[PDB]
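Generate the whole structure from the sequences, applying the supplied hints.
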Amino acid sequence: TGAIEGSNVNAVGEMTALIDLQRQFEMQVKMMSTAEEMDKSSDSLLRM
Amino acid sequence: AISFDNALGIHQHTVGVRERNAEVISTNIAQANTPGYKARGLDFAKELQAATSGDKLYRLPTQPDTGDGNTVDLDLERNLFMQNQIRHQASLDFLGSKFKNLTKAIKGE
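Respectively, the protein sequence lines represent chains q and b.
Numbering of the first sequence is given in the deposited numbering, commencing with residue 201 and proceeding in unit increments.
Positions 2 to 55, 77 to 131 (the deposited numbering) are the ones given, in order, by the second sequence.
Derived by calculation from the structure, the hints in this document are not laboratory data.
Any given hint could turn out to be false.
Said to hold, decoys possible - Restraint-style ranges between C-beta atoms, simulated for each label pair:
1. b:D90 with q:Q224: 42 to 50 Å
2. b:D77 with q:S244: 32 to 40 Å
3. q:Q228 with b:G10: 35 to 43 Å
4. q:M231 with b:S119: 46 to 54 Å
5. b:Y80 with q:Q222: 38 to 46 Å
6. b:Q107 with q:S241: 16 to 24 Å
7. b:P83 with q:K230: 21 to 29 Å
8. q:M231 with b:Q107: 26 to 34 Å
9. b:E24 with q:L218: 47 to 55 Å
10. b:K120 with q:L246: 41 to 49 Å
11. b:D77 with q:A217: 54 to 62 Å
12. b:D97 with q:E214: 37 to 45 Å
13. q:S233 with b:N7: 53 to 61 Å
14. q:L246 with b:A46: 38 to 46 Å
As the list claims (entries may be wrong) - Some chain q residues judged to face chain b by a derived CB distance under 10 Å, without partners named:
15. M215
16. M238
17. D239
18. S242
19. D243
Claimed, not checked - In silico negatives: residues of chain b with every beta carbon more than 12 Å from chain q:
20. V25
21. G55
22. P86
23. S113
24. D115
25. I128
We treat Cβ as the ideally placed atom computed from N, Cα and C, and that holds for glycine.
Quick look at the structure:
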């Protein structure tokens with residue numbers, strides 16, 4: 201009694217999770233870009 | 002002898018089958034993005050036999087679908103369409119030369 205319990209959020213734990221989520225997000229975006237790049241190249245097969 | 006069948010050979014039935022195959026291949030390409038659509042294959046040997054005198079084949083996917091259910095491998099469809107067009111062009115040349123040789127003999131020109 202006479203005290204209030206705050207939150208247990210570990211600020212560093214969230215920040216290091218953020219930077220890893222950013223890098224993994226960006227790497228998958230590159231996978232999307234190289235997927236359409238391959239698709240565009242494999243379109244001259246029907247380009248007689 | 003001296004008949005159009007014995008003269009043209011199987012180059013008249015083959016052309017029809019090659020156009021049939023192109024219709025099937027083009028259908029798979031168009032229906033690539035439709036979920037639940039299963040890729041359709043065509044047996045050339047059976048179709049040629051049926052054409053000479055006169077069932078559904080599905081293509082096994084190389085990899086699982088991403089959830090939609092469509093088993094159309096657009097990388098393979100383009101390759102087969104390119105091959106079908108080349109062999110169809112040869113069949114037209116083969117069949118076209120049958121008529122030219124027949125006309126050449128009946129006129130001596």
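Exercise. Are there hints from earlier that the structure breaks, and if so, what are their numbers?
Worked result: Numbers 1, 3, 10, 14 and 15 - these are the hints that the structure violates, sorted from lowest upward.
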